[PDB]
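With one protein chain held back, the other chains of the complex are shown just where they sit.
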Amino acid sequence: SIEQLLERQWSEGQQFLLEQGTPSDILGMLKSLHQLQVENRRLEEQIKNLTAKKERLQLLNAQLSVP
Amino acid sequence: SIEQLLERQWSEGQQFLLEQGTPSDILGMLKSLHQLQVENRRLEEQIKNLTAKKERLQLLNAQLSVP
Amino acid sequence: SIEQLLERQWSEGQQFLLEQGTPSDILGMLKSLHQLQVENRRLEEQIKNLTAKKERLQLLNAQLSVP
Amino acid sequence: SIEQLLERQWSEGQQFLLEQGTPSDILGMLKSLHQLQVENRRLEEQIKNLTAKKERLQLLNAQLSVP
Amino acid sequence: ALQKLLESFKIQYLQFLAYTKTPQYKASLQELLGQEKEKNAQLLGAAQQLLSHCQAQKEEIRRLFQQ
Amino acid sequence: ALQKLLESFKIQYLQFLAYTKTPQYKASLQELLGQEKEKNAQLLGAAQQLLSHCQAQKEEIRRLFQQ
Amino acid sequence: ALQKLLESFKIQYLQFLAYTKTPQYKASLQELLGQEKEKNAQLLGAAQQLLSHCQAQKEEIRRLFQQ
Partner (left out) sequence: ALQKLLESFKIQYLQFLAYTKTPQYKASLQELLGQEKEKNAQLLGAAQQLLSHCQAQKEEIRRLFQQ
């Protein structure tokens, strides 16, 4: 339960560190830098997926082309 | 050209060895024994084909079933 | 840099939330529950690895056994 | 048994068609043309073998090189 | 020289021609064809399984690839 | 503004700090660690099979390739 | 004991809060986002190729299996 409250630091801290930050410039600079950060991560994994799905799918293609 | 004529022995020989054979009983016994002989051979190879076509086709099936 | 300090909450918080916790009972209960938590995670991934390394290695074994 | 004797034509025929042929020039021209004929056949099949043994062996090599 | 040969062919010709037409005709042919038809029935067997299996294989491949 | 916040952190601090040290300490931790050690024992299980199998696989591959 | 701590949190709070709002705001954020958007553009790249290739692969597989 110590962590339950340890993340209650990180949540409320982040909540008001942003809230007390300039709501004109940051509202655009943060959101962009959050949105892109996530998007660049999601894209990373989806690459990692498609990386293998290519490989394994290319394995089969070799198979068919051989005889 | 010696073979060309060597097979001219085997052809005309076979032609009249059968022809002078009893045309009542042999016409049924030969034709059956020729027809089946060929058919059992053709079937042998077609097995040999389908033998591999199974194997190689089972290889691919393993591939798909793995991940 | 806001995060740089946001994790400075989580670090010092955790540092003294544990430090002010009973150093007799927790020193044994925490360490065990931290050590095992990590170990169970590391084991999870190493399973995930060996999961595929089996599969792909079994693929090859099929290959050899076929013809 | 008709074939048993049909090949007795082809054997003795070939035996003396060669024997009565010029034993000076043919002994060299035949033997060469028989020996090479067989050798070119044996080589044909051994190619056909090694043809597949390559393919199937290249299949495995692809497998290893992928991940 | 051929006179000693071609007559000896004609010796064997009637020696087996009207000879085994009588009692060793349906002794061999009907026994031959017996195991032949048995073999044919055998072959029809394997060739079935193999085609029927290569019906099942190519059907499960349609499924597993679309899935 | 922060005064309303940082004091409310300190409210929760002792509220859970000397509070759950007493009766809800070995109620949660000793139950947590219970299922944790059970999980660890579970994991040690799979990870075994997988390594032990990838001992067997890589041993049979040595054989089947040399053979 | 917490008094020495929670005040030192509030020391850092304004120390970085209204401080880097001014001259080290668009120095870091606008440089960060710069390489971020560059990275995003990079990622969009690979993820494209991979999907576009796994369009080509799965198209050639339709062909080679039906053929």
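When the chains are written out, they are named A, B, C, D, E, F and G in that same order, and each has its own residue count from 1.
The criterion applied here is as follows: a residue touches a chain if its C-beta (ideal position, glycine included) is under 8 Å from a C-beta of that chain, and two chains touch if they have at least 3 such contacts.
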{"item": "Subunit E residues that touch the omitted chain in the full complex", "value": "2, 6, 9-10, 13"}
{"item": "In subunit F, positions touching the absent partner", "value": "61, 65"}
{"item": "In subunit D, positions touching the absent partner", "value": "17, 20-22, 25, 29, 32-33, 36-37, 39-40, 43-44, 46-47, 50-51, 53-54, 57-58, 60-61, 64-65"}
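By definition in this document, only the chains that are shown with their structure count from here on.
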{"item": "Option in C-G, B-E or A-F whose residue-number contact pairs overlap A-G by over half", "value": "B-E"}
{"item": "Whole-Å separation of chain centres (CA-atom averages), subunit B against subunit F", "value": "69"}
{"item": "Inter-chain centre distance, subunit D versus subunit E - centres from mean C-alpha coordinates, in Å", "value": "24"}
{"item": "Sites on subunit B at which at least two other chains make contact", "value": "17, 21, 56, 58-60, 63-64, 67"}
{"item": "In subunit F, residues with contacts to at least two other chains", "value": "2, 9"}
